[PDB]
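**Q** In case you want the letters, here they are:
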Amino acid sequence: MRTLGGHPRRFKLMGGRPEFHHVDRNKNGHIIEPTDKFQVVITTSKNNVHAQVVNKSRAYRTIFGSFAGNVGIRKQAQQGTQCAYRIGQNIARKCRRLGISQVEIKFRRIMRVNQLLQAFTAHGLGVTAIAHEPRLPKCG
Amino acid sequence: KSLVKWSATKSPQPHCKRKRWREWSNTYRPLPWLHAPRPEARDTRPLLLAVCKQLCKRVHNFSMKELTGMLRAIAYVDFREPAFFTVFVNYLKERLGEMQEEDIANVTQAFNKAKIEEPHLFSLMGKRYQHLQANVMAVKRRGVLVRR
Amino acid sequence: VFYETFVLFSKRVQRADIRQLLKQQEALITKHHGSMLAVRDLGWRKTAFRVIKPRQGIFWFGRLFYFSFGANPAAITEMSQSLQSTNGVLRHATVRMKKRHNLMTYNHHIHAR
Amino acid sequence: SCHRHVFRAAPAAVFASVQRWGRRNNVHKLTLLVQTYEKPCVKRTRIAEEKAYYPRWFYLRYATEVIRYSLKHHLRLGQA
RNA sequence: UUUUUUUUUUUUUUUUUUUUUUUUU
RNA sequence: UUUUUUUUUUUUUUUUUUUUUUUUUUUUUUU
RNA sequence: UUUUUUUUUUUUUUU
RNA sequence: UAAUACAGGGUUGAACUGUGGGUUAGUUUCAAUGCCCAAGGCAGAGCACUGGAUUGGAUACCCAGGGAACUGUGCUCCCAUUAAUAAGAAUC
RNA sequence: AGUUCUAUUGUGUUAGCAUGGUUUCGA
Numbered sequence: 002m003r004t005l006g007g008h009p010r011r012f013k014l015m016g017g018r019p020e021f022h023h024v025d026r027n028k029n030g031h032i033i034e035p036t037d038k039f040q041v042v043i044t045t046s047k048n049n050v051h052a053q054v055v056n057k058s059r060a061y062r063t064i065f066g067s068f069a070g071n072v073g074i075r076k077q078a079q080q081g082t083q084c085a086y087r088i089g090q091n092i093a094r095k096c097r098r099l100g101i102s103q104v105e106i107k108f109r110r111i112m113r114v115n116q117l118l119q120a121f122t123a124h125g126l127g128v129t130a131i132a133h134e135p136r137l138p139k140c141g
Numbered sequence: 004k005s006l007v008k009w010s011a012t013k014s015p016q017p018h019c020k021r022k023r024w025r026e027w028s029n030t031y032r033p034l035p036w037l038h039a040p041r042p043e044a045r046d047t048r049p050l051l052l053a054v055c056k057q058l059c060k061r062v063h064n065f066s067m068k069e070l071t072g073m074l075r076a077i078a079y080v081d082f083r084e085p086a087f088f089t090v091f092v093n094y095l096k097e098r099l100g101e102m103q104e105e106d107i108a109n110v111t112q113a114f115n116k117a118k119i120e121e122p123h124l125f126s127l128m129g130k131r132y133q134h135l136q137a138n139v140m141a142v143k144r145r146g147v148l149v150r151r
Numbered sequence: 166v167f168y169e170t171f172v173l174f175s176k177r178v179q180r181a182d183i184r185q186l187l188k189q190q191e192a193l194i195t196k197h198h199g200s201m202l203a204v205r206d207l208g209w210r211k212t213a214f215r216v217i218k219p220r221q222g223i224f225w226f227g228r229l230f231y232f233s234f235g236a237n238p239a240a241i242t243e244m245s246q247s248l249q250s251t252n253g254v255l256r257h258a259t260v261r262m263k264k265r266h267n268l269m270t271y272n273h274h275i276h277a278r
Numbered sequence: 004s005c006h007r008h009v010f011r012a013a014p015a016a017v018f019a020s021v022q023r024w025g026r027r028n029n030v031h032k033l034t035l036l037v038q039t040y041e042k043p044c045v046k047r048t049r050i051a052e053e054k055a056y057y058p059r060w061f062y063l064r065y066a067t068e069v070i071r072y073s074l075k076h077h078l079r080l081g082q083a
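Residue numbers (the working numbering), protein chains in the order written: chain X, 2 to 141; chain D, 4 to 151; chain W, 166 to 278; chain U, 4 to 83.
Treat the hints with caution; some may be incorrect.
To be verified - Chain D stretches covered by chain U per the calculated footprint, using a threshold of three residues with CB under 8 Å from any CB of chain U:
(1) 95–108
(2) 145–151
Claimed, not checked - Straight line, CA to CA, 27 Å or less: simulated DSS-like cross-link-like pairs of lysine-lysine:
(3) W:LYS176 / W:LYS218
(4) W:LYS188 / W:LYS218
(5) X:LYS28 / D:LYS20
(6) X:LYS139 / W:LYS218
(7) D:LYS130 / X:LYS95
(8) D:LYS22 / X:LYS38
(9) U:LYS32 / U:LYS42
(10) X:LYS57 / X:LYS76
(11) X:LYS13 / X:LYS38
(12) D:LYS22 / W:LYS218
(13) D:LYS68 / X:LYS38
(14) X:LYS47 / U:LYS32
(15) D:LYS8 / D:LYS116
(16) D:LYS143 / W:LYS176
(17) D:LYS96 / X:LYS38
(18) W:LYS211 / D:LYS143
(19) X:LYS107 / X:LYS38
(20) U:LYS32 / X:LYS107
(21) X:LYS57 / D:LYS13
(22) X:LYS57 / D:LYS116
(23) X:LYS28 / D:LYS8
(24) D:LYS56 / X:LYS57
(25) D:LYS13 / D:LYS118
(26) X:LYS38 / D:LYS130
(27) X:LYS107 / X:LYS47
(28) X:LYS76 / X:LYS28
(29) D:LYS143 / X:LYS139
No wet-lab data here; the hints were simulated from the structure.
The C-beta atom is built at its ideal place from N, Cα and C for all residues, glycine as well.
Using the sequences provided together with the hints, build the complete structure.
**A** See the structure below:
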């Protein structure tokens, strides 16, 4: 009982600090500037799926990310279609908190890339361009 | 706009981590003839405060492209007057839609240089800049590929 | 028989080095009963992608050179290995001289009509 | 690698174009083959079988086009 | 040493030391 | 475990020839 | 927590 | 399987030659994989082997570890034995 | 059928090079 959609390990370390406290800042002390570009790199797999945010205005520096274990989904429930959909919602909801509107989308595979795209358009996170760079082997 | 350029020299100071590494920087020549008074002349006010006083009195006559340049230049002579920059916060919020892409880049530099951290205005400016940049595609090691 | 070689220099290559390089090469030619044909230059060339050569750095462009010669067929291996050891030279190739297709007798009316 | 820009188009419409791009280059087929090790003997027979089925599909695809084209126009050819 | 993202009164301007180490706003 | 970057070592069939178009030119009675 | 399975375990990381 | 060196085969043009041939031991080269021996190593894989599953009563199926085997001028042809199940001439 | 000459070369052998899946490193 008492289920929570988060990471139990991180919840135990809570001490009342606000959000975005451990993230490093810049010289000016601003977490993010109005002039910036983002490109989320999504990687799919059989059981789990990861999607981290990469900032192109900071020499490709990561800001935050999420996984199946950060939404309260474990065991075989991750293989279900809801696991991908829930992860996308968290990214879209968290995007509005930082103050970003337009974020690019990048992925290597096309297997679990349908639930994430649909969830982004249901909150406000739009899509400006789609990038696909499959690193297919060039040798036997 | 041109005064700041004259009083600026590009140098390559040593890096913070590795002293062998170099990073290009900017150094501005100090001015010792703009802050002092002029008791001899009738106008006892200095040359710097006089420009600011007239600018705020006739802000409406200036266009958007003509406003960010003048504000960006005042902060480049070490003008630590947060009250001066706090008058334009209400004027800019009501005219955010009429702001060009160049205007965004010419206004953030001013507040940051003077150590004026404003979250209610910087949060709104982020959306405007991204919306304008919604029609330009740029890739890595190739540049801008598709524009509009 | 006749042979051709295309050498791509770097930005870090002065005129001093180019003269030295060519002089060294001529030694081998003469050794094997040969003679130089002609030396020409092609100027600078833009590179499609960045070149990452170890212990050399990263470059985006270079100076393309061309020189024709003739010697024994066994001299190709000696020449090829010498270029690789020398600095400045990031990429090179040796192409045999053909009868019709060549950079000597056939250099006009390529792109036009 | 493929890159597309969204301009006055819905995300769903744009996403339908990149999906078909992989089929031409067989991106999906090559991705799965490398994941698992396939014996050389199996590839010997699989490579030959694909050279007889695919050609037949092209001929049948053209036949279906004539049926749809003629259905909307009626008429019929004969030994005239 | 390597350069990442932009504009057009100019060859101009910001950033800079490896990231990420939490849901509902 | 994900992302990013800048030069160590082993290995070398992904792309590139084709509607099987000679009198169709060839495979074995019957069920 | 990660990986893996129809499902699960072993194994690995420790502010 | 881009470049270069050595030497073969196939298609077409000229010259020369003027029946040179088919099959082939008491013969001679090459010949996948496995095994003996030898050389070896610092990648990607895995037989044997106590390393986490079985059953409606027995198991190698599904993960992970794992010191044999994987480049040879050699010893050497057991097989589902390498481009159909005839090496040649005549009738299109 | 065979020899010589000429055009043609993803057929045998071949040490350095370029690119790439995996792997490896973190002033």
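**Q** Quickly compare the C-alpha distance for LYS57 (chain X) and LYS13 (chain D) to 27 Å and report which way the hint goes.
**A** holds (26 Å)
**Q** So if I understand the rule, the pair passes when the alpha-carbon distance is 27 Å or less; does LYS32 (chain U) with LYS107 (chain X) pass?
**A** holds (20 Å)
**Q** With a cut-off of 27 Å on the C-alpha distance, tell me whether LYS107 (chain X) and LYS47 (chain X) pass.
**A** Measuring from Cα to Cα gives roughly 18 Å; hence the hint holds.
**Q** Starting from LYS22 (chain D), check that the Cα of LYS218 (chain W) is at most 27 Å away, please.
**A** holds (25 Å)
**Q** Straight-line Cα separation of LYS96 (chain D) and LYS38 (chain X) no greater than 27 Å?
**A** holds (23 Å)
**Q** Just to be careful, I want the Cα atoms of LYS28 (chain X) and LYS20 (chain D) compared with a cutoff of 27 Å; is the pair within it?
**A** holds (15 Å)
**Q** Does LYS57 (chain X) sit within 27 Å of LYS56 (chain D), going by the straight-line distance between their CA atoms?
**A** Answer violated: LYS56 (chain D) to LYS57 (chain X) is near 40 Å, above 27 Å.
**Q** Would you check the hint for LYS130 (chain D) and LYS95 (chain X), treating anything up to 27 Å between C-alpha atoms as holding?
**A** holds (15 Å)
**Q** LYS143 (chain D) and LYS176 (chain W): Cα distance at most 27 Å?
**A** holds (23 Å)
**Q** Regarding the pair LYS139 (chain X) and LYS218 (chain W), is the alpha-carbon distance no greater than 27 Å?
**A** With a Cα-Cα distance of about 21 Å, the restraint between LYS139 (chain X) and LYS218 (chain W) holds, given a limit of 27 Å.
**Q** Under the criterion that the straight-line Cα-Cα distance not exceed 27 Å, is the pair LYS32 (chain U), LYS42 (chain U) satisfied?
**A** At roughly 17 Å apart (the allowed maximum being 27 Å), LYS42 (chain U) and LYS32 (chain U) satisfy the hint.
**Q** Confirm or reject the coverage of the segment 145–151 of chain D by chain U under the rule of 3 or more residues with a beta carbon closer than 8 Å to the chain's beta carbons.
**A** Holds: 3 residues of the segment 145–151 of chain D have a Cβ under 8 Å from chain U.
Hints 1, 8, 10, 11, 24 and 28 from the earlier list are contradicted by this structure; the remaining hints agree with it.
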